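K.L.:
Each chain, letter by letter, is given below.
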Amino acid sequence: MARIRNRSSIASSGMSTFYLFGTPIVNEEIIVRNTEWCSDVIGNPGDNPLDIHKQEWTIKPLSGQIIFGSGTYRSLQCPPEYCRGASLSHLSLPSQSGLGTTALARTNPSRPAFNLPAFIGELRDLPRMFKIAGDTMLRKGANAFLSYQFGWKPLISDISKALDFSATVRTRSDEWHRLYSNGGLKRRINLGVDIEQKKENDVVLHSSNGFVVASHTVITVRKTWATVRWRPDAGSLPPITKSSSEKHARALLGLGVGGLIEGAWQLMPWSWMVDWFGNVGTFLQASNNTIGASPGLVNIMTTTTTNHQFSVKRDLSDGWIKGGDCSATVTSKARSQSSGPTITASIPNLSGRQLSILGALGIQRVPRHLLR
Amino acid sequence: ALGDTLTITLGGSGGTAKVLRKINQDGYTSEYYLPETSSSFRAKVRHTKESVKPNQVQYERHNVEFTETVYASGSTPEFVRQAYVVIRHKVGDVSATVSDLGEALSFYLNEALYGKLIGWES
Amino acid sequence: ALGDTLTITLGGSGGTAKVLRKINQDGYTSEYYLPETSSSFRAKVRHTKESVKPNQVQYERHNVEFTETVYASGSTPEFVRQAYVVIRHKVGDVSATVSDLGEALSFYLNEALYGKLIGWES
Amino acid sequence: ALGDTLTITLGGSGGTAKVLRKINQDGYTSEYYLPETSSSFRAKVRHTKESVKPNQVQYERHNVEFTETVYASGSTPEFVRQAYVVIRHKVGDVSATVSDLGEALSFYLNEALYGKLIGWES
Amino acid sequence: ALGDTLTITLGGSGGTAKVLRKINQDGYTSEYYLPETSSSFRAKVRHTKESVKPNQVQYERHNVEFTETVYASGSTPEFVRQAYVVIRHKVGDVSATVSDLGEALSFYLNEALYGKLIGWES
Ligand SMILES: [Ca+2]
Ligand SMILES: [Ca+2]
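Chains as they are written, first to last, in the numbering used here: chain A, 14 to 385; chain B, 246 to 367; chain C, 246 to 367; chain D, 246 to 367; chain E, 246 to 367.
The shape of chain A in the complex, shown without the other chains:
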């Protein structure tokens, strides 16, 4: 729901009196009324526009007195009556154009990715290689594949490397799935700062108990920035399988060659490895080492502020009048929403050391037909 709220604070107040016949004929009051009003939206989880209009004052009260026959007038600690209007506005500034499009164009995180190795095609086939090799060697002893400089130790080294790769890909998948949450990836850009100054002259500060004129100077500042959140498109995420079987497999491998010679090898988690290797292989080949993404809405925030400072001009005032310096500040803030044409980006998944783990696994030197 959209609500409009108004709120105010008292800045200063004072008293001014005129005596005649020894009587206070007029003793009128003066108030400074700090004012601000805001608009905001609540009850909707989605980001909403909002804006603020806000103003304050800072006044050094007048002082002094003058005497006449049976009558006087005095403005001690009396803030100037000029503040009763307090109407102020920001200075004109150059207009911005097409901020949303530029932000969307510059913010795109698509960038090239690491090249996919050739063995990723065979990635799905690793488990039966190892199973059949171990089974044949156990059936016919270790003498097998001595012609190829192969044995128990190379096999265990290769399977350990595969488990390392599996855990690394698992952790990376966990990280991607965490990223899908909490609104996706956020980025920020800056859209410049505009500063302008001017001068003003002959500002009447008081119209009773004499007259007061003061100089005027104005300062204006504007900022502008934009933010967007890039989130992976649903369904493009990698497999997110949890993994405690690898701990068990590593525990078995610690038994050494002697353990695997015993009934230990029949405890390998072949089915899990086959399923997950096939899933990851088909996913990697489906994509190209990348996750897709789409942009959410684009927002722009533009704060604007100005200062209005005065200095009392003493050449057009009654001699008894002293002081009267004052300053004012006006601030505004805004939040607004925009959207652009559909865009899709690609972000690398794994790079270098991630994919290089098993690029030279030793079992590849045996002909396939013996295994196949």
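Derived from the structure by calculation, the hints contain no laboratory data. Built from N, CA and C at the ideal position, the CB exists for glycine as well. Just so you know, not all the hints are guaranteed correct.
[To be verified] Restraint-style ranges between C-beta atoms, simulated for each label pair:
#, chain 1, residue 1, chain 2, residue 2, range
1, A, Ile370, D, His307, 36 to 46 Å
2, C, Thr293, B, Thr321, 24 to 34 Å
3, A, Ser351, D, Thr282, 20 to 30 Å
4, C, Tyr353, B, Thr261, 32 to 42 Å
5, A, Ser351, E, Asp271, 30 to 40 Å
6, A, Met314, E, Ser296, 28 to 38 Å
[Said to hold, decoys possible] DSS-like mimics (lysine-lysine), calculated; alpha carbons at most 27 Å apart, straight line:
#, chain 1, residue 1, chain 2, residue 2
7, B, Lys294, A, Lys260
8, C, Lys294, B, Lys267
9, D, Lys267, A, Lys199
10, B, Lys289, C, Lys289
11, D, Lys335, E, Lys263
12, B, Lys267, C, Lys335
13, D, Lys267, E, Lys289
14, A, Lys236, E, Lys267
15, C, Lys294, B, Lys289
16, D, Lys289, E, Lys267
17, B, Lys263, C, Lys294
[What the hints assert, rightly or not] Sample of chain B residues with no beta-carbon within 12 Å of chain A, all distances over it, derived:
#, residue
18, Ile253
19, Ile268
20, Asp271
21, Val290
22, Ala317
23, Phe324
24, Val343
25, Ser344
26, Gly347
27, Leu350
28, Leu358
Use these hints to put chains B, C, D and E with the ligands onto chain A, whose structure you have.
P.N.:
Here is chains B, C, D and E with the ligands on its own, set in the frame of chain A:
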């Protein structure tokens, strides 16, 4: 998000409707309660996963229970009546077939079969 | 339940009214929060059931709590003012009697008697 | 300078027009990139000046590179196609005749000459 | 920022306008460049903090630098010209007074002063 109230119709579609009220909500768990003169009604709903066995495809398990406590009267101590159901299937299975299984179980259970079961007849 | 909003009227009937709303719920406990320039308000509601022992009657306890904290100003440090009431009764007893006892407690306590208790006389 | 995008018309005049995006910038270096379903386009600009020597000539080298790579398909791995040009001259040289030499080199290269060159015709 | 081009009018407001072009930006550090047949124009802007001292006030620094190089001609070797300003004041102090300082200095300097100043006068 079943609603702030749950309706229990004892004796099937016959009647005797009781209305339970929400009490506690935490960790994908809910439970409702209603006191009466001589008995109390309560329900519970839970969700969880199993402990993975290193050669095992993940499952999810769903259960809901009804409990009936009767306060002690005379020389007879208090006791309780309950009846609950649970469902189990892999993570990421097709929901249509899993749901389809279960309505068969509901259809099988009725007055006559409950009468047989209470008779220790297997 | 108890509604999303809780209203407290300082000064009793015809007094100053403040409004509270839900922030979190857990373990049969819910509590609310309100901010104010020189103070703040806290509202809490809790329920509990005493542990089961072999041979004696089991009890269950309900508690509600109001408290306001006045932010420290100058020399004066932080301090609070709170008041809470609890009801304890057995699991199976009739509700009307407990309600009547609570109503008696509520009716007995009034402004003048609050002042007299601040008077320290027993 | 260099705009937010770098336009490239592969195939010479009249070809398909692509528009790379500004993606990185540092130390007089900037680079443009664009992703595509079967391939990608890469364009970077670099500048460099050699260090000062006691008695030698101070030279400056520009570099511009286009790079094109196609993703793997089946058993065929990935491969990349690129071509870059450099210009070298002293710090205070006359710019216009350097531009004339650049025009000469650009004009000499044409599709026919590229065809002759790739055939290892020396 | 302030833009990508800066105008240098040699001889004050007399004329001879020169337009440098932005070449780089690294961490609040900017410099523009422009080559000419017999000269090169370059400008630099920098902002920075002093080393933090446990019990001394922090200071702002602004630097604006102009330089010029004349290419070797005949037997005359390379040589340079430059003129730069520095402003120092504490962090958070009033900006307008600091502006008035510095611009007072800028008003003080004029052609006659440089004519005298270059004559080693003091
Ligand atoms: Ca029945
Ligand atoms: Ca059905």
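K.L.:
Tell me the hint numbers this structure goes against, listed in increasing order.
P.N.:
The structure conflicts with no hint, since it agrees with every one listed earlier.
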